[PDB]
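Asks: So the chains spell out like this:
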Amino acid sequence: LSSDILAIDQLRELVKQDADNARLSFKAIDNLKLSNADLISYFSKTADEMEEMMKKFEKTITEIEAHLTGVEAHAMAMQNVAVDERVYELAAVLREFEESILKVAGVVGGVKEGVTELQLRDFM
Amino acid sequence: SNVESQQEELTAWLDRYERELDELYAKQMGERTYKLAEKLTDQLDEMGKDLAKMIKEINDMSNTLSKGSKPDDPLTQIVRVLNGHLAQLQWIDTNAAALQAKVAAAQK
Amino acid sequence: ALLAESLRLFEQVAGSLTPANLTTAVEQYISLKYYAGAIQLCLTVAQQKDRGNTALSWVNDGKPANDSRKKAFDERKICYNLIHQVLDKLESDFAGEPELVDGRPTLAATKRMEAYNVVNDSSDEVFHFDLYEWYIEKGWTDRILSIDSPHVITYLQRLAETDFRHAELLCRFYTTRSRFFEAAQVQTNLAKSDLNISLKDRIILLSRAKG
Amino acid sequence: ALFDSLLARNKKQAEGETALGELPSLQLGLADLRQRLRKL
Amino acid sequence: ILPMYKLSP
Amino acid sequence: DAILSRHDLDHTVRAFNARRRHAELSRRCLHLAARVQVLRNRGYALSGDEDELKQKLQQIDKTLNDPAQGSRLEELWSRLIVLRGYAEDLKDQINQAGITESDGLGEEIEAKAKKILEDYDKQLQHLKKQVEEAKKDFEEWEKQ
Amino acid sequence: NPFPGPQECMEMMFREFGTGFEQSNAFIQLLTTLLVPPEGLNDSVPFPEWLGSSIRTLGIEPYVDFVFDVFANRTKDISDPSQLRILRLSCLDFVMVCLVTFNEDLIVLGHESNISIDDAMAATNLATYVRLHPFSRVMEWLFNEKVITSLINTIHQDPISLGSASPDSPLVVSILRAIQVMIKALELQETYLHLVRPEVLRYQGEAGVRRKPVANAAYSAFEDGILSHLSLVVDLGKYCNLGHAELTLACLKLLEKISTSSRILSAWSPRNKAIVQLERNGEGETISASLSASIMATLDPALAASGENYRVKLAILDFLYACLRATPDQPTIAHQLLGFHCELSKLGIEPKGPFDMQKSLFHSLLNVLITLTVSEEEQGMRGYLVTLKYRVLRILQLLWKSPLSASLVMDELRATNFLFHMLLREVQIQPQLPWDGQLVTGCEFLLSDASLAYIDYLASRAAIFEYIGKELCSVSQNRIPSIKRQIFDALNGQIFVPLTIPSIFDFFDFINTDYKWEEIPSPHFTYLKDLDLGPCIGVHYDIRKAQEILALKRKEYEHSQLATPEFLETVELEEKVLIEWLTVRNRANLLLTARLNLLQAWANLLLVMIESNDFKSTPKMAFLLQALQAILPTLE
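Chains as they are written, first to last, in the numbering used here: chain A, 1 to 124; chain B, 125 to 232; chain C, 233 to 443; chain D, 444 to 483; chain E, 484 to 492; chain F, 493 to 636; chain G, 637 to 1272.
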């Protein structure tokens, strides 16, 4: 359910901007039947937004390359070779995640305390 | 249901505008750049979709290659959930680093 | 008040003064012992003929021959050659004269310091390079050494790389300032070089570097 | 049913769709993942 | 549990 | 069970469906918002900030309509299909170790790993929310 | 003018040649053959630059456009599966022949130095090449949903067909070609989006060109269109049990590249989807079993570098390494394949599972590692065995350093006496034992490939020493002398099951200054002496940075017109000596850093041993004096 919250939250703000963008278009026509400088920001905004989506595409592409290049190696070893050994891997992973979380935690705590510092320096 | 009915009023009205649009056409009867802008904005959606398909297929091949006699198993489960955790942890790390950076600005 | 207001009027049309007028101006300034001022006009006329600083991007790339930026350097130099022209009559008029009666500096010595402050403080380093190149041609060695600008270090460093007798000054520059390590650092790096230097000179270099 | 929901969420995650940005992410695991974790 | 991991050369 | 049945089926479908409907209506909204800037603004006097718009549009359009950038995907796909066939072949070849695989995997450590995973998830969620709060609480100070 | 405007007649003829399969495949093959240059499979794109200049046509684009439209739309009117497979194979071969004929490094160096350093003369040539080459159109089509849908439909097939099919079946070849096209696309997507799209857009804006977009703006990258397919990874994993070396390697590389990406793992794990997709009908278990059965397969001693089994093993190891190195904090598919219960920010083991019974991928790796002998007689100190064990040790270190999978791994290792097997597998190194029949003191050693094996062996020894030190520290802090006695006995040189082994002081034979790795013989270099390695330089001296400089200098000398023909061989041999000089310097730096790491690991191990040692000191005085004697010359 908690995961379902964020879903609606996204869907809420989405229909609301689509409500306004679809409203800004009719008021222009309702004005005509009886704002041109405004939609420019909207189009340029969509452009500015997509401009990064393209960069995301590039990123993901580069990743896919970098990944399949690994797949090749995995298969290249798997062909070359041709249970209990991998169980150690899981443990080796988890014991490392513990450490990574414990690493991140420090950063988080540092930030939080770092913010409360300024918060304090504000009314102090 | 509210979000679902908001996609009923703001649809019937979107259909309602088309009359005033056809009226505007009727008025004018008595551009390509935007039409290029829309297709240009629209074309990348297909690329996203195709890219998604690709990624899905890659996942399929990797997963089936690594294991393909029990796709209902708990290994790929741990793998997936554990990947999720990795991603989320990365998010946490990065954003926290960003906030940490944001504090240096207040250190003036 | 007349010369100071004339200077204001010249600097306004700096990006548009003809070499014939700029000369007649500097010629008169020298008659009136207005040394430091005339230098400032020529420096100003330089910057306003080339605001984008193409004579820098030209010399920094190093001698691009057959280029349109030759205009920038050549026009800038007409002003620089006049600065050199002023600095000559400066010493001539105040030739061998002492910089003080007991306690009080001379006004001759004042017009000297006023002039060499305009020169040493300027931000036009293409002017500084052309000025350091001209100081050598006059044999004013000890003058280059005394300059505390950091444009002299770049000139001497860039010239030491292909001229043994210029790397000599850079080593002298450091040793009068007592940056002894930095000198031995060059003397050693020079003896190990690929430059056309006799072996017996490399013996001197390493012997000075060792000291 | 917790871990199950974690799977299910991480399952629906890497599967589309048309959400204007969030494309499905490829899963790694084990060998590549450890190094990918260390490179954090 | 250790059929072959034993150090029995 | 009732809550889960509701969520897992009735709500998920409406969420996804609603999202796609939003996307569709966003397209229609931009289409209308585009035609408005056509028919009414067909007075030939369309300029000013338009240049910047078509400049951006031309830049991104030029970036997209490139041979290499477009070719990379096509090359990638086949480059994937190679590994597809290769992997499928090498898989069919080593399609015998099934009992070793199923029985090898089915164990007990898996149960513990699941637990450790849930714990990690909780810790991670907590950290995430803590950072979220750290952000939300800082953007306040950003104003004061 | 086939006897009506040309733009209409051409499309009419194309559509007429589209009805059916025989004529379509024949036309596709004819076009593929025509696209091959006369010199065979780099400039002079294989087609006239004035192709279609008379009529208002985009050149050779219509052909590729029609081919893609056919392959995307008219693939449903083919009832005979064989005809559909043949058509898909022909289309994939056409796409590959079109993509492989694109210059990447040329365009990179052009966009880098042509307009910024070189003149503007050759710029027109590169511009025309980029505008006329169909690579841009192919890349644009790759971002379409129809293409990726057809690809994943072709790759998604029943397993019984591939099992009963022949190795030369058209389905396997088509899948291989599709995977290769996907790999090429994932590799070239960045280069395209960087140095194609902006130039093409600027050209279309400046000049007058009428083109129809076929790409989706939403799909910012190739991963966006494939992240919506979950069965792809399942099929790729299931295809590993077929035995086809090429297909297995291709699938492994594809999975590695997928796991190496970022958007895919961000969409999967923003709970998760891959872990639940691979745990539907026990796919992970069978995948792990197949991988174990594969890695256990022996290799051909004669076909060391040609044995497909060894290649598959190395591919699997590289895949695991890339999957574990990327995002180590968060679990991944590697943890599930090893036999762990991947839970949200937590792992665990299940009762009676494959990893609990010591029958999984990790245990198989441990077995194949402990049952591996590198000490040979005919050659001695092989190279590919060293590489295999080095990869295994890197994977083990990546699994250990990860705190999320550290405690359980250490427990499983100490519960099987892994350090004892490693010590028993150790071998002493001496300046007499050659490496692959080649001696170390030989000058060609620095130029040969034995340096890689030597660095790998040094890293293996360092990792083993670090693991031994960590285990000793753990056993000491656990205050249990049950294992301390065995540890000391192994360190004393005896084993009580007595089997003896060389002590730690025996392995202190890697510090040797007789080779003079620091000293290098500097030739005369009468010419090119002033050419330094400034722009060459993480000590990594690039060879191209000096190659370009020496080429410019040779061109200037030739333009000087002063004994250019005679003194050319001098510059040639000076360059041939400088390249080997650079390679030798790089190898020496690598060996030095490896020796430094090994010495640091040995010092840490010795410190941990001396500090945590409750045993009497009068008996260990002998080892103390021996260590003092050994370090005396090292310090001197």
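The hints are simulated quantities; they were obtained by calculation from the structure and are not laboratory data. Virtual Cβ for every residue (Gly too), placed ideally from N, Cα, C. One or more of the hints may lead you astray.
[To be verified] Listed next, the in silico EDC-like pairs over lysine to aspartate or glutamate satisfying Cα-Cα at most 20 angstroms (straight line):
hint : chain 1 : residue 1 : chain 2 : residue 2
1    : F       : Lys635    : A       : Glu113
2    : G       : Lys988    : F       : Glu632
3    : G       : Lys1120   : G       : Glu1107
4    : G       : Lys712    : G       : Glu842
5    : F       : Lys554    : A       : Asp38
6    : A       : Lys112    : F       : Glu632
7    : F       : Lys548    : A       : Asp38
[Said to hold, decoys possible] To give a feel for the contact side, a few chain D residues facing chain A, derived at Cβ under 10 angstroms:
hint : residue
8    : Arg452
9    : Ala462
10   : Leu463
11   : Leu466
12   : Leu469
13   : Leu476
Asks: Which of the numbered hints above does this structure break?
Replies: Of the numbered hints given earlier, those the structure breaks are 2, 4, 5, listed in rising order.
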